[PDB]
Amino acid sequence: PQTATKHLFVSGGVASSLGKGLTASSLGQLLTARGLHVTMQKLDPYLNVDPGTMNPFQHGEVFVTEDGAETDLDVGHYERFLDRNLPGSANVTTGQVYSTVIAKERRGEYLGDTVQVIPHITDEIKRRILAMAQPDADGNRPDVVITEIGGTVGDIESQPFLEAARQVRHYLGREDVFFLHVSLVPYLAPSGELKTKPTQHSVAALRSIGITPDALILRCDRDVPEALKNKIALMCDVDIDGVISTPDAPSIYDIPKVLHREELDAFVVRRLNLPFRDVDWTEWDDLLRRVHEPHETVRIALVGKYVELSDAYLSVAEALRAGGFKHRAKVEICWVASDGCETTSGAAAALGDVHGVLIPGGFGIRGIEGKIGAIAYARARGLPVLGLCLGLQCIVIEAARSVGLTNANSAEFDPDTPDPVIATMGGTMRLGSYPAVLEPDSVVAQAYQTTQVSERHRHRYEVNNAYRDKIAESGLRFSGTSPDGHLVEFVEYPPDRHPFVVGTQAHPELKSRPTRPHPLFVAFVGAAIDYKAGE
Amino acid sequence: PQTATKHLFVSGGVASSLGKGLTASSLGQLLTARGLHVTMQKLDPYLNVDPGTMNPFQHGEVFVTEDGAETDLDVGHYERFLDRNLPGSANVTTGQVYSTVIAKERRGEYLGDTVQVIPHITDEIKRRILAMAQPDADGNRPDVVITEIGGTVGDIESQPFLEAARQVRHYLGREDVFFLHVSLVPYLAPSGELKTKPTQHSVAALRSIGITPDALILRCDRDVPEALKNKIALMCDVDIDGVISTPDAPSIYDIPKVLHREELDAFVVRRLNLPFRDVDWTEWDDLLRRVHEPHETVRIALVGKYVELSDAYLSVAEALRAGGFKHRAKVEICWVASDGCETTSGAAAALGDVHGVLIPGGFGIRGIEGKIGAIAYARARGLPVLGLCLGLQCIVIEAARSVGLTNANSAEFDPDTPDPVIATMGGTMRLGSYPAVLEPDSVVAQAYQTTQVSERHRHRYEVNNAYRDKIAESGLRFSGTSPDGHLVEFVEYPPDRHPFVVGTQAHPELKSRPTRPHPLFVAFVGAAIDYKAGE
Amino acid sequence: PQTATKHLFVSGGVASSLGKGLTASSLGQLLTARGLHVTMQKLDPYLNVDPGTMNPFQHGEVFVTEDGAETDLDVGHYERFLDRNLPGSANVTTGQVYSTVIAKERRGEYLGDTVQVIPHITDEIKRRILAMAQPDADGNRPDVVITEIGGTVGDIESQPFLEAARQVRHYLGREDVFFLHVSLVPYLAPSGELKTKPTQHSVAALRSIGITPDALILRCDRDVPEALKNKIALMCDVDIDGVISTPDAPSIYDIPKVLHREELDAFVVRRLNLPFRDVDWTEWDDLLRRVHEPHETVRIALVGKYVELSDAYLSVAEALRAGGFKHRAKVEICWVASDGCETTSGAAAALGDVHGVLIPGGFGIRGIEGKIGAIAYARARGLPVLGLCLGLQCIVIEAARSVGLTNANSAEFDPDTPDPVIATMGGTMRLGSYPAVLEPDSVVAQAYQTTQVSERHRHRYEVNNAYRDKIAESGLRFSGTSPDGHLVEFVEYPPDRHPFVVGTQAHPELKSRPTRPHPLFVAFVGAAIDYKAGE
Ligand SMILES: Nc1ccn([C@@H]2O[C@H](COP(=O)(O)OP(=O)(O)OP(=O)(O)O)[C@@H](O)[C@H]2O)c(=O)n1
Ligand SMILES: Nc1ccn([C@@H]2O[C@H](COP(=O)(O)OP(=O)(O)OP(=O)(O)O)[C@@H](O)[C@H]2O)c(=O)n1
Ligand SMILES: Nc1ccn([C@@H]2O[C@H](COP(=O)(O)OP(=O)(O)OP(=O)(O)O)[C@@H](O)[C@H]2O)c(=O)n1
Ligand SMILES: Nc1ccn([C@@H]2O[C@H](COP(=O)(O)OP(=O)(O)OP(=O)(O)O)[C@@H](O)[C@H]2O)c(=O)n1
Ligand SMILES: Nc1ccn([C@@H]2O[C@H](COP(=O)(O)OP(=O)(O)OP(=O)(O)O)[C@@H](O)[C@H]2O)c(=O)n1
Ligand SMILES: Nc1ccn([C@@H]2O[C@H](COP(=O)(O)OP(=O)(O)OP(=O)(O)O)[C@@H](O)[C@H]2O)c(=O)n1
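The listed protein sequences correspond, in order, to chains E, G and W. Numbering of the first sequence is given in this note's numbering, commencing with residue 12 and proceeding in unit increments. Numbering of the second sequence is given in this note's numbering, commencing with residue 12 and proceeding in unit increments. Numbering of the third sequence is given in this note's numbering, commencing with residue 12 and proceeding in unit increments.
This is chain E alone, in the form it adopts within the complex:
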């Protein structure tokens, strides 16, 4: 039988860039491995109502849920570590709260009461939090909700969320609410010692707003001496079980071992009185083997538009590497800047060194001819290609230009093109999960091993249905469509035209999990390994 849904807030002190996200994700992973139905939530502090306005080349990708809600990329780590789909409710922001309360004000639904910050805003936040305890579409209720509070304790940027957390702690009571806390432990080079004083000043600032931390996670470049853990337990009044060393791990997938080796999760389960059951590593030891024991290295070029910040492609890169792990191959990514590839001599100079090329999406970018040139090169050179979203549109433009439709373009990039092979259906902006059907015994059907698939979408332009028969003169099969056949979903060249050249409009990288890689990235790495073996 299930008790009340516990809440487990996480807040950062001293500094940002300490890994609250991956730490909370790893805690969710461990609780999942015990068999609890964990779910997760992020409370972003910024006022953007949704991230579709944000420049991804500075703030990373935009994740898309099943229900087509745009969310912070941080939600991706929670999905990947849980292997669970999360609702669009998983990402609250200050912008959603303030614009909700001001909308209800203008519509007059507060009966003319004065709209204070307290209680109206903090009750709305508390409601957005407690909604996660509601039963899912199957009627199951989660055991634990982990809620990463954004910003830093003491930021004016976060005070309303921490007042809401305080109120939740009042109404549910300490049997059912737990606070983790994450804080920096700097190393000083002239003296050669770890200093706890910033963590004491952090927990003092946290207590000044009425939250009591039940455990500390100490972020450090070396294992914290027991002689400092005891001092922290003295000066923070944190039970000495709950001062946890957490070095900088070798890789993000090692962090669950770090947290388990300090036995954090056993203390969490004991403190919340959740149904205690043994951890089974059998699902994750094999991952750590594949991660640490690569049989071979294989290089994939990724033809990004701008590549000085790699975080703009995080989930693409992680989906590639998750594919690599399926073949026990260390996928290494050659970050290739598309604007170097607009000339075939530059394309040859960049791309000739690799065993495959991948065309990632690029919603909202301008100027794609570099990607088309890179694809035309890769076809002539025989390099395997996968095109994610804009990737399919560049592949289709390349195919049409190969059959002489020289001025062919997307209506997005040349509204005056005489041959809009990609055109607006601004037309219906498709978002979220839609069904698709595969040509039976197509190459994609051979990969998925089924005719029925579903994918997450974020595009408003489509293959012009009048051109399908013309484009098929290239040999390009339209090997998947909408169930009515009205919309194009996949394209491929035949197996004897090229070994593997596929595109989709989807973002298949969003269905990646390291224990369950996406079929197309597995097949693409299989083709890249076969190219390595043949060359």
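These aren't lab readings, by the way, just hints derived from the structure by calculation. Errors might be hidden in some of the hints.
Claimed, not checked - In silico DSSO-like pairs for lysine-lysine, Cα to Cα no more than 27 Å straight-line:
#: 1; chain 1: G; residue 1: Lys208; chain 2: E; residue 2: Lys137
#: 2; chain 1: W; residue 1: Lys115; chain 2: G; residue 2: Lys115
#: 3; chain 1: W; residue 1: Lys268; chain 2: W; residue 2: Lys341
#: 4; chain 1: G; residue 1: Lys341; chain 2: G; residue 2: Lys543
#: 5; chain 1: G; residue 1: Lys208; chain 2: G; residue 2: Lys242
#: 6; chain 1: W; residue 1: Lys240; chain 2: W; residue 2: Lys268
#: 7; chain 1: W; residue 1: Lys240; chain 2: E; residue 2: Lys208
#: 8; chain 1: E; residue 1: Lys240; chain 2: G; residue 2: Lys137
#: 9; chain 1: E; residue 1: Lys543; chain 2: E; residue 2: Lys337
#: 10; chain 1: W; residue 1: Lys242; chain 2: E; residue 2: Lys208
#: 11; chain 1: E; residue 1: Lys268; chain 2: E; residue 2: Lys337
#: 12; chain 1: E; residue 1: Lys242; chain 2: E; residue 2: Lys208
#: 13; chain 1: W; residue 1: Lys208; chain 2: W; residue 2: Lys242
#: 14; chain 1: E; residue 1: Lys240; chain 2: W; residue 2: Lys208
#: 15; chain 1: W; residue 1: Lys208; chain 2: E; residue 2: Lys208
#: 16; chain 1: E; residue 1: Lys242; chain 2: G; residue 2: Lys137
#: 17; chain 1: E; residue 1: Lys115; chain 2: E; residue 2: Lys137
#: 18; chain 1: W; residue 1: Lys208; chain 2: E; residue 2: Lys242
#: 19; chain 1: G; residue 1: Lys115; chain 2: E; residue 2: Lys242
#: 20; chain 1: G; residue 1: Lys543; chain 2: G; residue 2: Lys337
#: 21; chain 1: G; residue 1: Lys242; chain 2: E; residue 2: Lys115
#: 22; chain 1: E; residue 1: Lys268; chain 2: E; residue 2: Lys240
#: 23; chain 1: G; residue 1: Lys206; chain 2: G; residue 2: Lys240
#: 24; chain 1: G; residue 1: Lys137; chain 2: E; residue 2: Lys208
#: 25; chain 1: G; residue 1: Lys137; chain 2: G; residue 2: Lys115
#: 26; chain 1: E; residue 1: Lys137; chain 2: G; residue 2: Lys242
#: 27; chain 1: E; residue 1: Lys137; chain 2: G; residue 2: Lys240
#: 28; chain 1: W; residue 1: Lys268; chain 2: W; residue 2: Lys242
The hints should help you fit chains G and W with the ligands onto chain E, whose structure is shown.
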């Protein structure tokens, strides 16, 4: 069976002069009435090592324990409300802590370690606190120690005591430590409403140092509306059982009823899990009757040296009134300034209106001839007299001068007197409890109904043992002595010389309790009532 | 003409071990180079009244002023960087304040007033501070007093000093008081960026007690980007002239260049309106040349009792290196643990690799036979020796044992010795500066180039004046004495017995300055270089 000795700290916020002392005393009274063995402690913040240096005309009397320890007058309220003797350990000060730790430093008992404030000072304070849990001379261990932290939360004056309280709360755990808190609720006259915001800012300041208050006592001139108690429970995270209204009571003896009518003590007993048993009021309803239903008013003049601050005589005045309550009489005190009474015309102008005159002590004052003049008048007029300590020395000087020893004096006030009837035995400064013996069937023996008594002392001058036979020529009997007869303890005139004129060297006001008045003050009020009846 | 003496407080935030001492010393150096008469003061937080109780093997040496006041070793850096003698007033501690105020309380000099912490303590601290503005023994008044506040801002350990600083800032006014501030800027390895948030939280904590910092010194492992200096000036309201980068310098003597290259001192002079004059580097460029361009490396063994903490010998090591700089030689110190040298085979195994051996002091240690063995070896091997204080007593014991006084000892280490060549005169504990006279044309007289010297002392045992003629049978000349000849001050072997073997009772390392090395350490390094050249 007895569990661990619980601790119950009390700290003030917003302001001083809020009645932490009488509130904590009344809580001790209620817990005593349940039958728990309560004991109490004050942690003064000032650096005076003992108060014997302090000017009592600005800071009130100096209390004296059984073991002769000088303590703050605040200890008197705890003794009176408990009716229990307290050790000299009942009053810690910062001066005792800092001078102890620096003494152990100079004696080298820290093995050359650096003497920080933490942990050395706060461990010493914690030791001075936990000492109260040690078994008494009978081997009984108290159930509850109530510890009034001096100053205000947020004073630099108190930070080390609050860090010590935090450490105690860590080592004993919240099952065994409770915090009361006392805070002001101002009334604003232009708007006519109570404001809780100062109490919120107080509990925020208290939390900033890591103490969590379990209940609030709200100090207000009117009953706090339930609509503000709920807001305080919301904004302070104080369980709504534990927000307690406490109006300004009519008198200090009514405060136990106030605390019981809001049912504070039931919540304390439930929260500490003490052995629950019913309150019996039978001991205190009769006090409240006597306090509120006086049959008659009787006036006593008290011949103080300086009287603009009455707190210098607190325990004298309270012992008088406790005597009054024994005869159901409202004792009203005519505060008479001794320097008006040095001339017989001024003495007649001041003292003629009253039914008795009392000569209080005056350790460390200069110039006493006003008191001698007042006594000579009172004798001629027939007014009953009691002399406390210096009172006996003025009575004895008056007696000697009445038998012509005209230049007789105390060696304290004229070291060059040719007739030191009071002289140094600086000689042995007597402090604390000493036995004395009474002349059988003396007037004092008729009052005490026994030959054996004990009293608390604070004097270094004594009746000159060579003059006893000479002074007895006045008829003044030396009706009590040390058991060896070496020292004078009491004097009286015979019943047919005057109705009641007695002195002692003792401070009998320190053995006052309202449920157990001191015998001499009962007899003195009996004589003053008989004078009222006869006149 | 001279205006009022300015005050320049310095306080640390975020962490200790950030170099407030050397930073403030370097600021004093720069202001001295401009020609201002700077003086300095340390306000230690610990309650040790003087450090003579402290274990130096954990807290470093004890410095000794001209007037024989024991002070924290931190005073040594101020003396060395100023090249000025400082009074014993240069080191206040909480122990001196609290024991002073409690002494005046017990002596009754507060007229019975209650001794609060405020104002009595903080007025005493303010008085101890303002005393530094009083004219010196020549009647000159310093222009600037630099006052390093100990502990960290927000420590209960320091609150009274910061309240005193606030009061001084009130009474003198912001024209005449300046606050530096020192704060950490951590580097985070996973993200690769400097984080300013701990400095913002520091300056917030500092402002919460009413001090406004006029400049920030940022302590970092790399030059702070201008893009973070501007953010700090925004969020701290620090004038952007006054956010100063300070990397970890290569050596302590380079820090004046760091502070001058960021032009801190020009801003300080402009802000305090001191008499502006150009910096002259001519005194310090030659030091930095000698420091960075060593012609040769020469190794000196230092025979310490315990050597795992080198800070116990700080001023000895610095005096050696200052001697090295006089010959342009990199002195490298072989830290030799004396207990390895008690056997001649172990002595040979340790000491044979070096060009000289030095016997440092050791007040309060037990067991010296290792040092005697090391000296007997060094004599047989011909290694140059210098004995500081206990060094002379080991040299003298070795000399006496070489002439067959086999059971000779110091009365300190064998009170039952039949031959106390070193004996109590506990006798007079000599402290501070005393005159001494040198044998004309002695080797020491050839070094000092004068007959008259003075030295700082800290010993209570002396050469037994009855044994001088007996010990001189070794050839050991008693080449210096008290001016009356009563006390032994120096010993030497003749130039043809050994090249240079000298001892003293003094601590000559305390008169070291890098621009003015002590004559004996120059001569000793000259002899060690001559041994290197000959071997
Ligand atoms: N136990 C941890 C914690 C953090 N990191 C490193 O810290 C970086 C930060 O990644 P992230 O969790 O996403 O935090 P940020 O995006 O940088 O900033 P924020 O704290 O707001 O989440 C990661 O690259 C990760 O390698 C790590 O290796 N191990
Ligand atoms: N809440 C606190 C914490 C520390 N101190 C004082 O700060 C000094 C110690 O300085 P510091 O070394 O910098 O802090 P640590 O406790 O020792 O931890 P860390 O090593 O990280 O510095 C001690 O005198 C200690 O009493 C204090 O008064 N109040
Ligand atoms: N529930 C209360 C609390 C306080 N008082 C009044 O508050 C005054 C303060 O007396 P005391 O307890 O001794 O406090 P102070 O001496 O004035 O100052 P402090 O708080 O430091 O004890 C008393 O006269 C008392 O009448 C009261 O009548 N009822
Ligand atoms: N911790 C708090 C407490 C109050 N407020 C805000 O302060 C305003 C109320 O002002 P005020 O009346 O002065 O405080 P009250 O809560 O109403 O209590 P009181 O009547 O004593 O004033 C409200 O907007 C409330 O949201 C806040 O932002 N944060
Ligand atoms: N601008 C600076 C500041 C500090 N340090 C290094 O920091 C160390 C600290 O020395 P010190 O000034 O004496 O400080 P601590 O003794 O370690 O501790 P505290 O802050 O209390 O003085 C020194 O070894 C020094 O090399 C430095 O190289 N350059
Ligand atoms: N006094 C302040 C300081 C910062 N913030 C908020 O904190 C967030 C920035 O987080 P962070 O990067 O960690 O602090 P920085 O100012 O950017 O400095 P640093 O790089 O060291 O982190 C911003 O939303 C900013 O508005 C705030 O609300 N109040």
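Verification of the supplied hints:
no., hint, result
1, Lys208(G) to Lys137(E), "23 Å, holds"
2, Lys115(W) to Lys115(G), "20 Å, holds"
3, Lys268(W) to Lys341(W), "21 Å, holds"
4, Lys341(G) to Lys543(G), "13 Å, holds"
5, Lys208(G) to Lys242(G), "10 Å, holds"
6, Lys240(W) to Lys268(W), "20 Å, holds"
7, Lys240(W) to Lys208(E), "24 Å, holds"
8, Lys240(E) to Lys137(G), "22 Å, holds"
9, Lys543(E) to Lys337(E), "16 Å, holds"
10, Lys242(W) to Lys208(E), "24 Å, holds"
11, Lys268(E) to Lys337(E), "21 Å, holds"
12, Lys242(E) to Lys208(E), "10 Å, holds"
13, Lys208(W) to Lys242(W), "10 Å, holds"
14, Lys240(E) to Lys208(W), "24 Å, holds"
15, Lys208(W) to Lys208(E), "15 Å, holds"
16, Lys242(E) to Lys137(G), "18 Å, holds"
17, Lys115(E) to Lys137(E), "17 Å, holds"
18, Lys208(W) to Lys242(E), "24 Å, holds"
19, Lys115(G) to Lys242(E), "25 Å, holds"
20, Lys543(G) to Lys337(G), "16 Å, holds"
21, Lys242(G) to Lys115(E), "25 Å, holds"
22, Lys268(E) to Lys240(E), "20 Å, holds"
23, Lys206(G) to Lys240(G), "11 Å, holds"
24, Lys137(G) to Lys208(E), "23 Å, holds"
25, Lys137(G) to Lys115(G), "17 Å, holds"
26, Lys137(E) to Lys242(G), "18 Å, holds"
27, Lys137(E) to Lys240(G), "22 Å, holds"
28, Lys268(W) to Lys242(W), "25 Å, holds"
Hint compliance for this structure: no hint is broken.
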